[PDB]
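Single chain ahead, written as structure tokens, the form solved without the named molecule.
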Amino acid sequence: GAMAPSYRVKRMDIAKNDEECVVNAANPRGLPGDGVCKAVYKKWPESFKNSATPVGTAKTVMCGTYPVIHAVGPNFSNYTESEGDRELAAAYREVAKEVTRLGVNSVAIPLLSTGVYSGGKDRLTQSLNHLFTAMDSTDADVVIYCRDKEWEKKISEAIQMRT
């Protein structure tokens, strides 16, 4: 584990991360997909062998020795707010178990269900709070990746508020 476990946020492509493993915002069928998923497919295509897994779960596949944790958040266009919220919290809990099992000192993570699976809604606070709920008990350095300038500022404010 990290000597002083921390949270940080960076606004850039998660495929260029400087962490010991990456979390993919995966689809249930292990397809190349869009957004973060398509960038992860271009960088670590080997990690998509048998990566299909149900909504609310995480499945790790190695690309060489580099772990790619495929986490499947719900698509809020299909789920109700109540059941989608429950599946989103569950996907993050499974990411925390995988990060712990791997023994890594750092992990690059995107905000699950905030892109095309958001159902056209702003889910920054909802997704980030479920990320914190799951990762707070781990000792890995967590680096959150985003692409929007205003989202970078809001995630940074939320991290600093708790310190």
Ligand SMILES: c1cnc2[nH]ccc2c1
Second form
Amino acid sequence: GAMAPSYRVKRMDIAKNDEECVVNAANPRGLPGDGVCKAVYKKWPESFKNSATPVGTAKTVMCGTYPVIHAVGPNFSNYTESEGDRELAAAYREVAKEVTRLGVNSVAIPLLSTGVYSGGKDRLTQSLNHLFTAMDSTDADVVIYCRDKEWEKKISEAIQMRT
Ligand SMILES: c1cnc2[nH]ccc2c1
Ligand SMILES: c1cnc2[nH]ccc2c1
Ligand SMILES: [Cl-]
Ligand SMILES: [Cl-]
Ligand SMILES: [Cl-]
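Could the form solved in complex with the named molecule be shown next, to go alongside the form solved without the named molecule?
To see the whole picture, the full complex is given below, headed by that same chain.
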């Protein structure tokens, strides 16, 4: 584990992360997809062999010795707010299990269900709080990757508030 486990946020492509493993914002079918998923497909295409897995689960596939944890958040265009919220919490708990099993000291993670799966709503706080609930009991250094400068400021503030 990390010497002093931390949360950090960076505004850059998760495909260029400096961590020992990556979480993909996957689709259930292991398809190349869009956004984070397409960047992951371009960087680690070997990791999409038998990566298909249901909503609310995570499945790890190695690209060489580099682990890609395919985490399937709910599409809020299909789920109720209540059922979506349950599956989103579950996907992050499955990520925590995988990160623990792999024995990594660090992990790069996007905010699940906040892009094209958001059902047109701002889910920064919802997704981030489920991330914390899952990862708080792990000792890996967590680095959150986002696109938007306003999201970087809000994620940074939320991390600092707990410190
Ligand atoms: C691709 C993905 N995420 C990004 N954040 C800042 C620039 C950039 C490009
Ligand atoms: C957030 C972080 N990294 C990304 N790569 C491609 C899109 C995206 C969004
Ligand atoms: Cl970048
Ligand atoms: Cl998404
Ligand atoms: Cl983002």
